[PDB]
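Single chain ahead, written as structure tokens, the form solved without the named molecule.
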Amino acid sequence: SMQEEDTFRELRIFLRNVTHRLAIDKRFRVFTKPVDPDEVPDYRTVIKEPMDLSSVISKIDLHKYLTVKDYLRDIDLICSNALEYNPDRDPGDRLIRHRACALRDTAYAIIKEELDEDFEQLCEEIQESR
């Protein structure tokens, strides 16, 4: 349907705008790019599914998100990976964990404020029809 394609275009516009807000926030700079495997060689041994905001943007543009919940699962993963990899008492680890939690809380708060519930339901019903 043209109506269905329009819906997913509106979704991608919305997700890009949310992700941009997160990516320009100074607190979340550490989450904007993939962890560099030459810099942190053990990261991909600990973290099975890396995720970062540049990868999220690429997924939006490659039509990988058909619902808001699918997007939020990747926000969850950015947060959970950070908590898993940086668990220690050290202030540097505590700072990363605080920022990871703030990233997730901020994303959910933006979506709660701005997402029309019938729009997400429509995205879900289209997704479930294909």
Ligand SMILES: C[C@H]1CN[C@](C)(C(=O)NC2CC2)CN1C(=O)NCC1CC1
Contents of the next structure:
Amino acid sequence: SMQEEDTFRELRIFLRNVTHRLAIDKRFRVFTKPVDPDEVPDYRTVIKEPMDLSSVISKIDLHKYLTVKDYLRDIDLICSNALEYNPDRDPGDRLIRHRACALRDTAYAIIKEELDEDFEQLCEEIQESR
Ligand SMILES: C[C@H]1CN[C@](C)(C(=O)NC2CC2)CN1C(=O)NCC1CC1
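Beyond the form solved without the named molecule, can we have the form solved in complex with the named molecule?
What follows is the whole complex; the chain from before opens it.
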């Protein structure tokens, strides 16, 4: 229905605004664009599903996310990729991991304060009906 397409358009506006607020934060610079294979050639031998904030905006615009849960699966993948690729004790790995955990925790905290729980339940019930 037209009502349903209006629901999904509001979801996209909300996701673009959360993603923009993450992308301008200086702590999250190394998560804003895909890893360059001609700077880190080993990356794609270890990490089987790369993800970054520029790819997330592209996915919003392609109508890939029908719920906030499917968006948070990609924010979780950005954070889990960094914990797996940079697991060592040295300061450079520990700084990347601390920033990855902060990106994940910031996304969840914005959504807890700003997403209405009945708006998410509506999106889940439309998705299940298709
Ligand atoms: C995920 C981040 C952090 N971990 C990596 C291994 C790294 O340390 N890369 C060193 C800088 C070449 C890979 N990576 C990037 O390449 N980000 C590129 C920024 C977005 C433009």
